[PDB]
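Next up: a single chain in structure tokens, the form solved without this ligand.
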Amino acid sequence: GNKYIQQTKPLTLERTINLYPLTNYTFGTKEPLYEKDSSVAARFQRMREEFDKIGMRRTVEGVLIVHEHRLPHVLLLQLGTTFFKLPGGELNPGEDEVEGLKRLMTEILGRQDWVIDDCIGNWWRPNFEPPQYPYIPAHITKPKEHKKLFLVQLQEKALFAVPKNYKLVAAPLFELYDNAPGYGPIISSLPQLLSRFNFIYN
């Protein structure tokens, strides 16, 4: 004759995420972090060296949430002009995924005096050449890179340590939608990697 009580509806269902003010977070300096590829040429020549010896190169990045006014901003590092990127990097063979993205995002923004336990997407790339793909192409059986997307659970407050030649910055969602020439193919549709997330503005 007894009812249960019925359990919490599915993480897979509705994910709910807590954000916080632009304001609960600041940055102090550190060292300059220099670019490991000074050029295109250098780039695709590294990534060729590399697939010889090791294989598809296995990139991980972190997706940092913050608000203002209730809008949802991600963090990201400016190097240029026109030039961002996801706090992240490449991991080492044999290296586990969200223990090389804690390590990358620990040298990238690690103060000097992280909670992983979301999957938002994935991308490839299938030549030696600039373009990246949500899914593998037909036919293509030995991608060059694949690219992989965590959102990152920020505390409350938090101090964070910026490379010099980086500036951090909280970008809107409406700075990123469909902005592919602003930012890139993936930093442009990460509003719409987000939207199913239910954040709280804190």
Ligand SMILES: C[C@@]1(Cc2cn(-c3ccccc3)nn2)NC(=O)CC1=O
Given for the second form:
2 protein chains.
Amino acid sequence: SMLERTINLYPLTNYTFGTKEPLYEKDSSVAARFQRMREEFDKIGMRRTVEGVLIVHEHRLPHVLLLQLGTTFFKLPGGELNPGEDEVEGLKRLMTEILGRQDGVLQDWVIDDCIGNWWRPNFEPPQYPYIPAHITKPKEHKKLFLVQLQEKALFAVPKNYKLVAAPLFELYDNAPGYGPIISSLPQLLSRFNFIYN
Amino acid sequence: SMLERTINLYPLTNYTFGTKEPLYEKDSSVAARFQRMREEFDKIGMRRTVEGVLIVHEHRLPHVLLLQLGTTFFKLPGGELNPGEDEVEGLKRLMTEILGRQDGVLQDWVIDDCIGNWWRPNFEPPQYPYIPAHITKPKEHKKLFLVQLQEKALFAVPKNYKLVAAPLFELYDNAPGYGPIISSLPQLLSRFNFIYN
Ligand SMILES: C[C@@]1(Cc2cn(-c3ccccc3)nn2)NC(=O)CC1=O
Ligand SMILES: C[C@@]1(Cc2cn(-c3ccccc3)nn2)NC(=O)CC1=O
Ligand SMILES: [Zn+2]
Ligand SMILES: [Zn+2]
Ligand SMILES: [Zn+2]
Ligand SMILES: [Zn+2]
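Starting from the form solved without this ligand above, please write out the structure of the form solved in complex with this ligand.
Below is the entire complex, every chain and molecule, led by the chain shown above.
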């Protein structure tokens, strides 16, 4: 009856958060964001994005690491794949670009579990955990993965972002605060057997 | 990068829904339900419940089988474990009790995946996908499993219930209609690679 995946969690104090240069968004506004999505869709079709869920604990309470753009939006570490790029190799590349060290030592990213899929039917904000009715050409497909951290690590956070450890209760039923993907992480993580090391 | 579990789905017209005698609830009201939960907690501690998610398709659109008590509440097939009872053997027993055949031929239930965990902190309706802060003695633990159906089957539905195939869009963000567990099935199912046979 042990059908659950077992995942090792480590204290937040096991991890060192250094700083490095700002990492600027491609798009300077929502309007530019949807213009670029439309231009690239006509060239190379559906956008493929990947996002990593990194979990720690303090005193046996799990927390998800989120990246806050100044004091505005909360984001998962991740981003856009290149055409023909493998999903796992691409998430590892993107997580190195975002949290990789100034001294250029490699993190050992371990990615073994898909935890969800979201689809964007139009060049507009709405996203769903399925392809909606009558939609033959979705504009974006987003894939979420659970990233198993090592016991200790040094991460370099771009100076324009703050790394924040969010407890699950703060995410739960808070789409206004976090939107529909991050707010449903508590439900998506409930199947795992966490070990509090 | 194929980290997803692959699941075979079959058309709803592949399945025959017969009828059998009513199957009556132990508790004739919410108030009796929480009285029995309190009496049993003092004798044998935390209630352990198990629930099965059974998926079909029509024209390549997935649907979850729900059991409607007349025209009131929607339920997953499942129920309460006995003390010392294995979770998987118990869900198989409960699904036979509910949907098992009048002719007494065994269904071949295949249960290979946990899809979530919910906890009830008090003798009250609220349930969460984690144990809330300061709660040392939760009153109920509910475990959800994905049940892989065979290509064809005959199910006997108790005359007091109706079997309904709900498309995912109807569940999504509809807790008033379905409550917080069934309404989050779209998110919990998004990680699977469904084959539409
Ligand atoms: C190509 C790339 C790479 C990229 C990802 N991020 C980022 C994502 C999460 C957290 C912090 C930073 N910043 N640039 N540039 C964009 O504007 C979107 C995108 O995918
Ligand atoms: C012991 C038992 C068994 C049981 C389960 N169900 C049922 C569950 C889902 C759908 C249709 C029927 N009806 N009786 N009696 C109760 O009143 C709760 C319980 O667990
Ligand atoms: Zn401690
Ligand atoms: Zn897709
Ligand atoms: Zn068809
Ligand atoms: Zn428990």
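Think of the rigid core as the biggest set of C-alphas that the two forms share within 1.5 Å after superposition. Numbering follows the first chain given and starts at 1.
Core-aligned CA deviation for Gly80 between these two forms: 2 Å or greater.
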